[PDB]
Every structure is written in C-alpha cells, then in structure tokens.
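Novice: The chain contents come next:
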Amino acid sequence: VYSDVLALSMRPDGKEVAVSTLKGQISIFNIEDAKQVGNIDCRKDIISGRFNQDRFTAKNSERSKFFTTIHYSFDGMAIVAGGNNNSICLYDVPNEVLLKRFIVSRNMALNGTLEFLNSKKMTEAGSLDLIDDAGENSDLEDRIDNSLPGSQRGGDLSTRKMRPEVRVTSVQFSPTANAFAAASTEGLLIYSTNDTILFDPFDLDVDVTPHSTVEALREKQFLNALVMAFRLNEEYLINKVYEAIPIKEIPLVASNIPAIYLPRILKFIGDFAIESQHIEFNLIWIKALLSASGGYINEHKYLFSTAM
Amino acid sequence: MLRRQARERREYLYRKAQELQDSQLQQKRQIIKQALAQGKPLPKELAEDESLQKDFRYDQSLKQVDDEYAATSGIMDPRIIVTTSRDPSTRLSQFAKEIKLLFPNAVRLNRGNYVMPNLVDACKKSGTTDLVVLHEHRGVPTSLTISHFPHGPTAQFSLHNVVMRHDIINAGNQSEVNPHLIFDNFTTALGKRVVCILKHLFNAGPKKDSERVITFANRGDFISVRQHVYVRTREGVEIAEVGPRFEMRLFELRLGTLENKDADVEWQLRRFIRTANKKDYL
Amino acid sequence: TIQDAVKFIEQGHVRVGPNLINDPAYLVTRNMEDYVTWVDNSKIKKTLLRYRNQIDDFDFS
Amino acid sequence: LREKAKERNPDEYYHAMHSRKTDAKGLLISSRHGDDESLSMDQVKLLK
Amino acid sequence: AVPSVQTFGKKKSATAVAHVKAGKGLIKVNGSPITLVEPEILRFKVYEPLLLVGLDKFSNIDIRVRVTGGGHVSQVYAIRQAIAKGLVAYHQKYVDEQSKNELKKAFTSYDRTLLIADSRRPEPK
RNA sequence: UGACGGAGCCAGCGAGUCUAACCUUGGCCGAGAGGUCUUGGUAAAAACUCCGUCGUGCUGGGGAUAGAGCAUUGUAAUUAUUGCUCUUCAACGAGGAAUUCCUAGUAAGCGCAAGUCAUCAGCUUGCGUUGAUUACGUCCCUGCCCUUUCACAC
RNA sequence: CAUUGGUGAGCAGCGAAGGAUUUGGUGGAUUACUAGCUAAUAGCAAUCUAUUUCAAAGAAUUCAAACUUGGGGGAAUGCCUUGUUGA
RNA sequence: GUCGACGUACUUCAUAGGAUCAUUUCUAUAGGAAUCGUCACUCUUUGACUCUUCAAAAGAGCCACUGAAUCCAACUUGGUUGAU
Numbered sequence: 514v515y516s517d518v519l520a521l522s523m524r525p526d527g528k529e530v531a532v533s534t535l536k537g538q539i540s541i542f543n544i545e546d547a548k549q550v551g552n553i554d555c556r557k558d559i560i561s562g563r564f565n566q567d568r569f570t571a572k573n574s575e576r577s578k579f580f581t582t583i584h585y586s587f588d589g590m591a592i593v594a595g596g597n598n599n600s601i602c603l604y605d606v607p608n609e610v611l612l613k614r615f616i617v618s619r620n621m622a623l624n625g626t627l628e629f630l631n632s633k634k635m636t637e638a639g640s641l642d643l644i645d646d647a648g649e650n651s652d653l654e655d656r657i658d659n660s661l662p663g664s665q666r667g668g669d670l671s672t673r674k675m676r677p678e679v680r681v682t683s684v685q686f687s688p689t690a691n692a693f694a695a696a697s698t699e700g701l702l703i704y705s706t707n708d709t710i711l712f713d714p715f716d717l718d719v720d721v722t723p724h725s726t727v728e729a730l731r732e733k734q735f736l737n738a739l740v741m742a743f744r745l746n747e748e749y750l751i752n753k754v755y756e757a758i759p760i761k762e763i764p765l766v767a768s769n770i771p772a773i774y775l776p777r778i779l780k781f782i783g784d785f786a787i788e789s790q791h792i793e794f795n796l797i798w799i800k801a802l803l804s805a806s807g808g809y810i811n812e813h814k815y816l817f818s819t820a821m
Numbered sequence: 001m002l003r004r005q006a007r008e009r010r011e012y013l014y015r016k017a018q019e020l021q022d023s024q025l026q027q028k029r030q031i032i033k034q035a036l037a038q039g040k041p042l043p044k045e046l047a048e049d050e051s052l053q054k055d056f057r058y059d060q061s062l063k072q073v074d075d076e077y078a079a080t081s082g083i084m085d086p087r088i089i090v091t092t093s094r095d096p097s098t099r100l101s102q103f104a105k106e107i108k109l110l111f112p113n114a115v116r117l118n119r120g121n122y123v124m125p126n127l128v129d130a131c132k133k134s135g136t137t138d139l140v141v142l143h144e145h146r147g148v149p150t151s152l153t154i155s156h157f158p159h160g161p162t163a164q165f166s167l168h169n170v171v172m173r174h175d176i177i178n179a180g181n182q183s184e185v186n187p188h189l190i191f192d193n194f195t196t197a198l199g200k201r202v203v204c205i206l207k208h209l210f211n212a213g214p215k216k217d218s219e220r221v222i223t224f225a226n227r228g229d230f231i232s233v234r235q236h237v238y239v240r241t242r243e244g245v246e247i248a249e250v251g252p253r254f255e256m257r258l259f260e261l262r263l264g265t266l267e268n269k270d271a272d273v274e275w276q277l278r279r280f281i282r283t284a285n286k287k288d289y290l
Numbered sequence: 123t124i125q126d127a128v129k130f131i132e133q134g135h136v137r138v139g140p141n142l143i144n145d146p147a148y149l150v151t152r153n154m155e156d157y158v159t160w161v162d163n164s165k166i167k168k169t170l171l172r173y174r175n176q177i178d179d180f181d182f183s
Numbered sequence: 051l052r053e054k055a056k057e058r059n060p061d062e063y064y065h066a067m068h069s070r071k072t073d074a075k076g077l078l079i080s081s082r083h084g085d088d089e090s091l092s093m094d095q096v097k098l099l100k
Numbered sequence: 003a004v005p006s007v008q009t010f011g012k013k014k015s016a017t018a019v020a021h022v023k024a025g026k027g028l029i030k031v032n033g034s035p036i037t038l039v040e041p042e043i044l045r046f047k048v049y050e051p052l053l054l055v056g057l058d059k060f061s062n063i064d065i066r067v068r069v070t071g072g073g074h075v076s077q078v079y080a081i082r083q084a085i086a087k088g089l090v091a092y093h094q095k096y097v098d099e100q101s102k103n104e105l106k107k108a109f110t111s112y113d114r115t116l117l118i119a120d121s122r123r124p125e126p127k
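Chains as they are written, first to last, in the deposited numbering: chain UA, 514 to 821; chain CJ, 1 to 63, 72 to 290; chain CI, 123 to 183; chain UK, 51 to 85, 88 to 100; chain DQ, 3 to 127.
I should point out that these hints are in silico values taken from the structure, not numbers from a laboratory.
Treat the hints with care, since some could be wrong.
[Claimed, not checked] SDA-like cross-link-like pairs, simulated, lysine to any residue; straight-line CA separation at most 20 Å: (1) CI:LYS129 - UA:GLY639; (2) CJ:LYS132 - DQ:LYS59; (3) UK:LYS54 - CJ:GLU11; (4) UA:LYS528 - UA:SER818; (5) DQ:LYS12 - CI:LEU171; (6) CJ:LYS207 - CJ:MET124; (7) DQ:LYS59 - DQ:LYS12; (8) DQ:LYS23 - DQ:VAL4; (9) UK:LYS75 - DQ:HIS21; (10) UA:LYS674 - UA:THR709; (11) UA:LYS548 - UA:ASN608; (12) DQ:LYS12 - CI:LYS129; (13) CI:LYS168 - DQ:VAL4; (14) CI:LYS165 - UK:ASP85; (15) CJ:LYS200 - CJ:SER81; (16) UK:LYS56 - CJ:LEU263; (17) UA:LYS780 - UA:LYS674; (18) DQ:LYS12 - UA:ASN620; (19) DQ:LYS12 - CI:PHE182; (20) UK:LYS54 - CJ:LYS200; (21) UA:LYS548 - DQ:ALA108; (22) UK:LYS75 - DQ:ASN32.
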C-alpha cells in the first residue's frame, strides 16, 4: 500500500479485506487474488479541530486526517470508521461514497472539538485558556499540581496538564440490531436506527394506504394485508396485521410471503419478540418461517445474519 | 527496520568501545575484593582513589556465551540458510544438500541471481539466524562462510580434503536427528569463539540416546569434521562413518555480516609474517 | 539547533509514528527513536527531497 | 566516507538546502564564481 | 512559474523521471517523441496510460520523461509507471480530486503496477 | 532451435605515480657499457529489435591425407605447374542403460568486470540484462521423527 | 540543443469614465439574544448619606491545623520533642 | 604447577622554607593600604528595544468600512538649443 496501515477489517464473507491508512484512504483488496477492488478517499470528510496549544491551523494540522479503526457491516455493504478526530464516518463500499457523518462531541471542555477558536481568548501572553489557574482554588487537593513533564496520557497519581482530546478508539457494528458503538472520550456512543421515525416506502403504489391495509385486514386477506403493510413499511401497521393474523393462517401466510419482504418480517420479529409478551405466538411465527424458507436463508447467510 | 538495525549496531559498537575501560575498572575492583578478603594492603593508587572506594559500596554486588549470542542461547533454535556461489555446479549443489542435511534446522536455497545485500536483508526480515555460503573450484568445495544475524560474526573457512557421501556411500539415508557435538582441542580465545559460532548452529539439548555424533577436532589449526553413528554394545561403542569428511581452516573473522566489508576484523590469517610457522592460533 | 527543533515541533512538523507531537517536553524511548520522523506534507520534507532531486509528487512528498 | 554515506539519515534538514543545488546526476553543484552570476540589464548596459 | 509535477517510475535498475507541466500536448521521452519508443512490440505498454483515460486528459499538459538504467523491458515499464503517476499527481495538484480519483480507479482496474512499484524481493522459506 | 551483411538501441559492479609479450633482419654512435633507428615473424555490453540477402531436406554435412583418371596451362604435365572429378582414411548429425539435482526474478540464456593474506587463473568470484513450464497437494510408496502419563467442550 | 535560471524589450488574447501588489486603524462575528447601579421583596439613575443607627442574632476542635520537603551524610548555636531544676 | 624456599632483576613510596586568601573586625600577624551624603564631562563594557542576514518555518484565520505606500496606464511639465 502507498502509506502506513493503521486499521484493518475483514468482510464477513471473508473474500475481501479493508484497510485504513495514514494518507486518509480506505482501500479494499480481494484475498484470493491480491487485487485492489476498491478505494475510498476519506481525508476531506474528517472534521479535525484545533487545540488550544496549537500554533498551526486545523486545516494545516495533520494530527487526525486519518482513521485508526474501521469495521464492516455484517452484510458487508457498509464500513464505519473513526479515529483521533471529531468525526465518525459511514461509507457504502460498492459505491465508495459517504452515507452519513457524525460529530463525536460538542464539548468545549474537550480539546479538538472546534476547528476555529474565539480570538478574544488570544492575548499578547497567549491563550487565556492555557493560564494555570489552579492556584485560585479553595482546597489544597485542588491546588496541587502532580504532573510529570511530557507525559502523553498521565496516570492515576499524575494528572496531565493539557485537557482531554476528543478521539474514537474502536468502532463496531452490532451483530443483532441496526446500531453501532464507538469507544470515545466521553464513553460509549451507541447510535441506533428506529424505523418508527422515517417514512420509507418499498414498491409503493397509489392503491396502497393504511386504510386499504386495514380494509384488507377486515376482508381477511391476510397475505395481501401483510404485503401492503411491508410496502408501506410502517411498524405500527406491520404489528397490527401481524397480530391480527390467526394461528391457523400462519403457515399459509408464512409459506406465501414473497422472498423480498422476508428479511423485513425476520427483522421485525427479531426486534419485536424480545420485549413482547406473546412468546408462543412469536415462536409459532418463527417456526412457520423457518419451515417455509430455511433454505433461502441458508443461501443468503450475510443478507439474513443480523435478523437470524 | 532500517532505522532499528543501524541504531542497534551503533549501540553494539559502543558497548565494544566501553568494554575496555569496563574491564580495567574490573581489575581495579578485583584488587579491592582480594584485599578485603585477605586483609592485604591496597596499592597507592587504589588507596588514594577516593571515588573508586566510594563506588565500591555500590559495585560490590557484581559478578559464558558471547555478546552476539547471549540473548537467545538455548531459548530459540537457529534457522540456517545454505546457499552457494553465483553459478553452482552439480557437485557443489550436492555438497550444499549435504551441508543442509548436516545442520538440523537448515534449508538449501538456490542462489540464482541473488545479490548479497538483498539476500542479507531477506534473511534479516525472514528471521533466519545464520547464512552459510559455499564456494568451489571445478566441483571441489574450497570455502565455507558462516555469517550470524542481524549483526553477528562472519567466519570464513578454507575447506580441504573434502569427501562426500555421494562418493563414499553407495546407499543409505542420513538419520536427521539432533546430534551430539564434540569440540576437541580448542584452547585459546579464538578457539572458544569458533566453538561458540559452530555450536550455535545446532539445536539446544539433544536427548541422551541420540546416535548421531558430529565432531570438530582441532589439529594444528585445522578442524576435522566427522559425522558418525554409534551403537552401545556391551563390549564397547562401534562407530560408523555416515557423513562427509572435510578439514576446515579459519582465515578470517569479522565483526559484521557478510555484506559489510568495512566490518572490523577480530582475526585474520597472516601468511607472510616471519614467525608465522611457529604459532598455532586456534 | 535544539531551539530550531523546538520551533519545528510546535509548528506541527514532527510525528512519532502516526501521531503528531507538538509537545517539546515529550520523552523519547530508545525503541521510540526509530519512528521519530518528519510528518508528510511538510515543507521541510519537501525541501529536503527537492534538494536531493528526489521529490515524487504522487507520494504527496 | 563510505561509513558516513551508509549512516546518513534521510530525514536530516539544513537551512542551506535552500541555497545549495544538486544536478541531475545526483551530485552537488558548486559555483565557480559564486561566494551573483547573473547581471541585470542595468549593469549590462553600462558595461557594454 | 508554470504548474509542474515531478514523479518517478522504477523497474529493476531502470529509473524514469516524468515532469508533467502545463502545456499543449507534447509527450516526449528522452528528448524524442513517445511514438518512437522502442521496441515496436512493446510500444503499447508505453501507450496504455494514454489510451486507458483518453488523449483529452493529455490535451492540456506536457509530459517529459528521462529514463536511465536497465534494459528495454525494464525501461518500458518504468516509463509507463512514471507517466501514470504523473497524470494522477498533476490532476490532484492542479485539477480536481474527482478527476484524480477517477484516474486512479481506471489505472488500478487495469494494472496496479502502473501506480505502485512491483518489488520482487526474495522470500526465504 | 539458421547464416550473412546494414541500421536502431539498453546495464550494473570496478579507479595505488599504478596495467604489463617475446624472438628477428640490419644502419649508425660508442674505449666499453650500451644507445638510437630499421626489418620480419609469433603470444595475447552481449542480447534484443528492424531491414536486406542466401536458403532449409540421407537429397548426410564437413575434415583430411595420399593416389589415380581426365583436362586447363604449358619448354617440360615426370615434377597431379595446377584445375576438376572419382577413389582412398578416420571421426561425427543433440547423445543408451543407469544415476543425480531442482519450485519465482527460480530453471535456463547473455555478456561485463574484479583477482582482495586462505582458495583460484587448466580458473575463481562478482555484477547487471532477458526470464519461464510444472507443483505449492498428500502421507498411498520410500525414509526420518514423535507420542501413547484450568474454564467450556471432547 | 536544454534551461521546471535571472534581468528585460515587445505581440496575440483579455478588457465599461483604470488595473495590480502591500499595509496601518476601527467595527461585526468567532457558544444560544431576559437591559445599568446599589446596602437589593426595593431604591437610584440629578442620587441619598440631616433616620443609617438601635435592638436581636452571633465565640467547638475548647488554636486540631506544612496532606505543600530533590538525593546521601551530618545539627556548634537555633527549632522541635521528652525529661529535669528552681520559682 | 595461578606450588613453596633461596638467589636475582624490577616497580612504587621522600620531605622542606616562605607568602597570600578563607571568621559580615580578627585565619594569630602589630614592619600593613584603604572611615568623607554627587555636581558635571569624557571614554569603555553590558542588556533591552526597532529592523535584518545566514534562512527558513508557522500564521486566532473571516467579512465590512476607513487611511497610507509601491508598480503600471493615462494626463501635466522639462528635454537632441542635451533627458539619464
């Protein structure tokens, strides 16, 4: 590779490996033949702040213009990335494009959260934020400076002079849900997706409305009602139809669910069944779906891995 | 790794530089230890050297493999690469296979078009301990070079009286067991150095019942190398020659790898000194 | 000079491994000496490469 | 000289690197007259 | 001072140096046109950085390549590597990053040795 | 698996006031030693690419050395003056059985330089330039080696 | 021949009562908008202070008080501690 | 034979006389030499400031308004009876 490799991740397929380097790139290589199948230029996406002690611009700073941790999604389609910066970046690997960027912290008590600093602070002495003001404290325990010169992080008995920096040390995706965790200075940032917020139709049509879905439910066309609820992709309506289907109709509906909507019903049952009290109903649904389409899941391991 | 090896070489050479003054202070401390033990008077200079007497209260608790071999003597087994000169003949290839089979952890590598600086770098990054290069004059092996890594000694030997197993043995295969080594008649410091270099090519701790014996015997600065198989009969031990036989002669020993010609010489053969005949250096 | 080195550190030219160090008080271990290097995209690094006529702009110099 | 060439640090920096030049062969260019070489048009007109 | 870029290409003992500056389309190797690079049988290896991306990418630049060392094959590979890297570097320095990324994708898809040097160092077993 | 000329074109090692043949025909100068001159005979990047020309085969290709036959040229063909052809004498056209070595800048090809206190010139070592086929599995065979005396699960 | 050398002299092109560099000062923003002063349930802002003082409340280590010292040896006299002598 | 005794050869160990300084007076000696409320000038040394070379490197960053400098263009004056 052109530059120093800092992070590495394996695709869950095991066919490809993704690599985060010092020059701000994430390169994706195939393992069977050592061929670079992709590259993402991530350097400009990174939000790097300026420290209070820096004598150089955050633009010209090269402290954090790379990623030190990366991770693949369990379907192998996305990569989350973080580093010693104030950004967590999500990428789509077939299109090599940035999906979403997250600001790690907004805390001015942290160090690299601001790219620009208020110039009222700068005096002829320097920054007002760097003046040692611990001597004004009421207690001796607050006034004592126990520090060793040039320590990068400090210790339990030796606290560092400079303020903590914003950084992310480890990002991972959840195996169970559409969420990811980041190990950052403040703690563990858990970013999750709830489907109750957005309106994201799939294969929508003019006839497909919640009123039409409830009407088909009253007409007892349970497969049509469930498919229309999946096309509208609304959690309350999916739940309404799913709990309205009788137990005797569950094998026929589960056998006749289209192959496209079946990841959706598996994800819905997986999310719903862990909090819900309908343990036998959920088990009957899982049994019917596993009996009807276990082979399809077996072929599409990585498409179904999170739901399963 | 380029910056690490140069720095470690500098530190090694600095230790070799300070070793002389360290030894001199060691003899100055050894007089004090004998004087304190026997109640003997000190000499005038040690009597009036107040700093040495003040430091002896600290240095009283100070007390063997060589420096290049100290870190891994008996911990990790060697890795040896046996290679030849640039365009080896078939008979040199046969002898290289024989030397590879003589050593227990050794692989024979085709020279091809390999440059010596590139080969040394490859050996360093691959983690091999030793490199052995073989030279010949029309099928007769004439020279054997052993170089220790990363910055160890390089010894060069002149081979004489070379007899190979392909010639003597009509059939049979070598045992390839961790052998028992016999180093004979190495008395001087040069002999100890050669013993260290040759001994550390072999694996540590052969088991007691091992039937292979490899012998390096010093006769008049010529090392006879033999390989034998023994069976412990109640009457005695009978001996079968099972390996190549050759005489090797150390003519140059340098404090560096094979690629470096500016390496310091620990020892060199001097042919044209007037009294060269009288002395036996090994 | 040591003062020149101090200024070059505070001006953001120095990295010890991948990490930029703008603290002059940072203490270097014998092992950590081998990764004390100029940062990439440094005008100092471009100057020394341009002096040796070995500047490759594909590598960003 | 060989030892110095071996132990040279690629990352060394000098302020005189701005003044000194290296030719295409890889060697230092030393000016015969320089302690410049070029004359301005104002100087050239007076000299002619 | 025109916008100019210097890049290097290597293959064994051969070394090629490419200077890519603002220009009109002059592509010269060793003071001679690119269409005289010998051998004939390997001229398209030198041509293929041009042909993968198009001559329109070369419409506004001047490339000047000086090659020493090696033999015919090594020098051809050094030339093509230096030209490809010089294109990528000029389009990153004075043209857009999108152009640079598209060029790098095309060159990587065809042959990565156009961009990254192929070093056949020994591997002890 | 060519030859013969032309043209085009590409390396990396090597820099001690140190690097380097013998006999021979004579002229001159000189007391000599020798010097100078004259004569004659012996030792001592390649590839690759391009263009042109010859032409490929047991349709054996060469090498003799003598002799014979017939003729060239002839005072004299006795001196084959010699020429041509045939005859005459030896080997050879990619190397049998056995046997050995070898897995990537590797096998194999190509030149260039050095001569480093041992070794080497009946050669040794280095340096670059072109650069593959096949396997990268398996213990079936032939050997060698080794064992049989922290949780969870076995 | 090359100049990714300097210093100049000129064209094409661009092109609206000019153009190009450099620099001092001041204002706004650089965190997310609830107004000034004081003795503050109010008064002042032109202050008052010629009611601004009374009353009430208020006193533990029974002074506990260097968590604050570069290393090795010491301490005449200090200082600390303990004992003692005479009041 | 890092054994003793003897023989031999070698290596290293001296010391004085005098003076001065060291007690916030006095280093022990009377053989020595110093007790004063500042006025000015001249010279010298040193350090700050401001600018700068070797010789760079980094810019508390953006807008707006208001001054100044420099180089062209244009105009004005002088100029082959002589500008630079």
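Novice: Confirm or reject each hint.
Specialist: Hint by hint, here is what the structure shows:
1. CI:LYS129 - UA:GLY639: Cα-Cα ~16 Å, so holds.
2. CJ:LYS132 - DQ:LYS59: At roughly 45 Å apart (the allowed maximum being 20 Å), DQ:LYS59 and CJ:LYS132 break the hint.
3. UK:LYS54 - CJ:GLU11: 16 Å, holds
4. UA:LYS528 - UA:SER818: Holds - the C-alpha atoms of UA:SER818 and UA:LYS528 are around 17 Å apart, at most 20 Å.
5. DQ:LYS12 - CI:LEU171: 17 Å, holds
6. CJ:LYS207 - CJ:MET124: 25 Å, violated
7. DQ:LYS59 - DQ:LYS12: 23 Å, violated
8. DQ:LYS23 - DQ:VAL4: 7 Å, holds
9. UK:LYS75 - DQ:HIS21: Holds, at about 16 Å.
10. UA:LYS674 - UA:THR709: Status violated; Cα separation ~46 Å.
11. UA:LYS548 - UA:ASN608: Status holds; Cα separation ~18 Å.
12. DQ:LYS12 - CI:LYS129: Given that 20 Å is the threshold and the Cα spacing comes to 37 Å, the pair is violated.
13. CI:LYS168 - DQ:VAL4: Measuring from Cα to Cα gives roughly 18 Å; hence the hint holds.
14. CI:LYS165 - UK:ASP85: 27 Å, violated
15. CJ:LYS200 - CJ:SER81: Between CJ:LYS200 and CJ:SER81 the Cα gap is close to 15 Å, so the pair holds against 20 Å.
16. UK:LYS56 - CJ:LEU263: At roughly 17 Å apart (the allowed maximum being 20 Å), CJ:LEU263 and UK:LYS56 satisfy the hint.
17. UA:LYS780 - UA:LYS674: 49 Å, violated
18. DQ:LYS12 - UA:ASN620: Given pair DQ:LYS12, UA:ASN620 is violated - Cα atoms ~49 Å apart, limit 20 Å.
19. DQ:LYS12 - CI:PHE182: Holds: DQ:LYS12 and CI:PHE182 sit about 17 Å apart, inside 20 Å.
20. UK:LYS54 - CJ:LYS200: Not OK: UK:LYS54 and CJ:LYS200 at ~33 Å, beyond 20 Å, violated.
21. UA:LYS548 - DQ:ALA108: Holds: UA:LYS548 and DQ:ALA108 sit about 13 Å apart, inside 20 Å.
22. UK:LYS75 - DQ:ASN32: Since the Cα atoms of UK:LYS75 and DQ:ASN32 sit roughly 15 Å apart, the hinted pair holds (cutoff 20 Å).
Consistency note: the structure conflicts with the earlier hints numbered 2, 6, 7, 10, 12, 14, 17, 18, 20.
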